[PDB]
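For reference, the chain that follows is the form solved without the partner chain, supplied as structure tokens.
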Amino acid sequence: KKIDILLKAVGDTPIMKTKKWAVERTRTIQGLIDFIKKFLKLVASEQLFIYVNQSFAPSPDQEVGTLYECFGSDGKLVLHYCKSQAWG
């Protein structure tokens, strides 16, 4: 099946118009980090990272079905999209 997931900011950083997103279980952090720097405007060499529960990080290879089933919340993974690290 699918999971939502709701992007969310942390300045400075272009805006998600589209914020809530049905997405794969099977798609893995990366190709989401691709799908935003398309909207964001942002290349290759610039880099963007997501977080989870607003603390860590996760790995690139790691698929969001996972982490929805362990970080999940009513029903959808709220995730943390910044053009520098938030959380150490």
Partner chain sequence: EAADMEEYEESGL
The other form holds:
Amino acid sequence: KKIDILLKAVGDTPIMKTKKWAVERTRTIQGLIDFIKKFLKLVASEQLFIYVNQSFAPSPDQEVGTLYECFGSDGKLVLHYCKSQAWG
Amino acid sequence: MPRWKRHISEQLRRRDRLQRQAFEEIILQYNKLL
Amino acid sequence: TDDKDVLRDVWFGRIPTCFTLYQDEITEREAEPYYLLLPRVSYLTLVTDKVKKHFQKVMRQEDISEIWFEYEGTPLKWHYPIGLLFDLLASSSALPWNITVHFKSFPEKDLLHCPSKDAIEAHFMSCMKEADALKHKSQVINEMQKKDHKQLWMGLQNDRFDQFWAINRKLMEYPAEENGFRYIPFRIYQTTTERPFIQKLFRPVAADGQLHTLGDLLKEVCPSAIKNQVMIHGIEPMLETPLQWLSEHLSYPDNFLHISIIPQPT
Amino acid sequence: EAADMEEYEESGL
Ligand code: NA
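Show the same protein again, this time as the form solved in complex with the partner chain rather than the form solved without the partner chain.
Everything in the complex follows now, all chains and molecules, and the chain you saw is the first one.
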């Protein structure tokens, strides 16, 4: 029922030791963001961006399940993360 | 002109009549005196 | 053209609105209501500068904070286009649209903050980029120079129809071999459902080249709509309306077809 | 093979 997500770092952003995750379809981009920040032992003041298709940054209230159904491929959704903006 | 297209144009004009045209002058006049 | 007339009618759509200050807001004095014609295609936090200025005047300086809005208790998300919010929440009620203005107690569980105009631009461009990923695999939007991206934004924020469409028309084109976009950017909203909206992959052209209709879309993604009316930009299109044409002509400036499913009024 | 995010969050950061 859950969906597979793969997280990839952009630029010099820290790399997650564990990249492939199974998440509830109802989890939002913000929920995903909060998880990574405390996983990388980052801080709230530090902003973190998430990207789909290496193209656009979905609103943080968007659900991963919808993004998967629309932009997923080969059984997973690829999301890129970065401490700074990458694609406008 | 297809009926579905005629319908859309007609409904947009009606919408504008009822929602915009009916209020634009009184709203402007209100702000004038505000 | 008749088509161009539709584009202008969509673009210049207005909703008469009554902004009233929250009755329990702490003020130095009572504020008069502020009346405004709100643009359907834009965003609240981009067009309510005069509303903000008006109501700040009765606040203690120290009591001024980020402004927010609600309709009958429902906080209004600034990142949802104005016309969509109204269609979904208030179109069955008498005009003008009664919005309540707040300062204190920003509800973070229901609303995203809007800390700057740049956040609005970032949101807008992000929506357009999502739309073009669906329509062209991002090929049109990425082939554009950054000044074109700016022009799209300036056209929205300054209400310049020709300026916007000089660029947006390119995003409404598709390959000669084809007869429509790859996938249609759409979202279907329904207050009775828990999920924020329905968004799925749906191709606008059948294998034989025939154009799919709005009815076809709904049968595939939201059968529970055929008692209920389908509302787009405050009107009810026939279900036989070709979807490709709708995407081209009745999308918002973010290139999305925002569709509301609402109970049939009485 | 994907790690369960719900598991980790409820296990111990
Ligand atoms: Na009203």
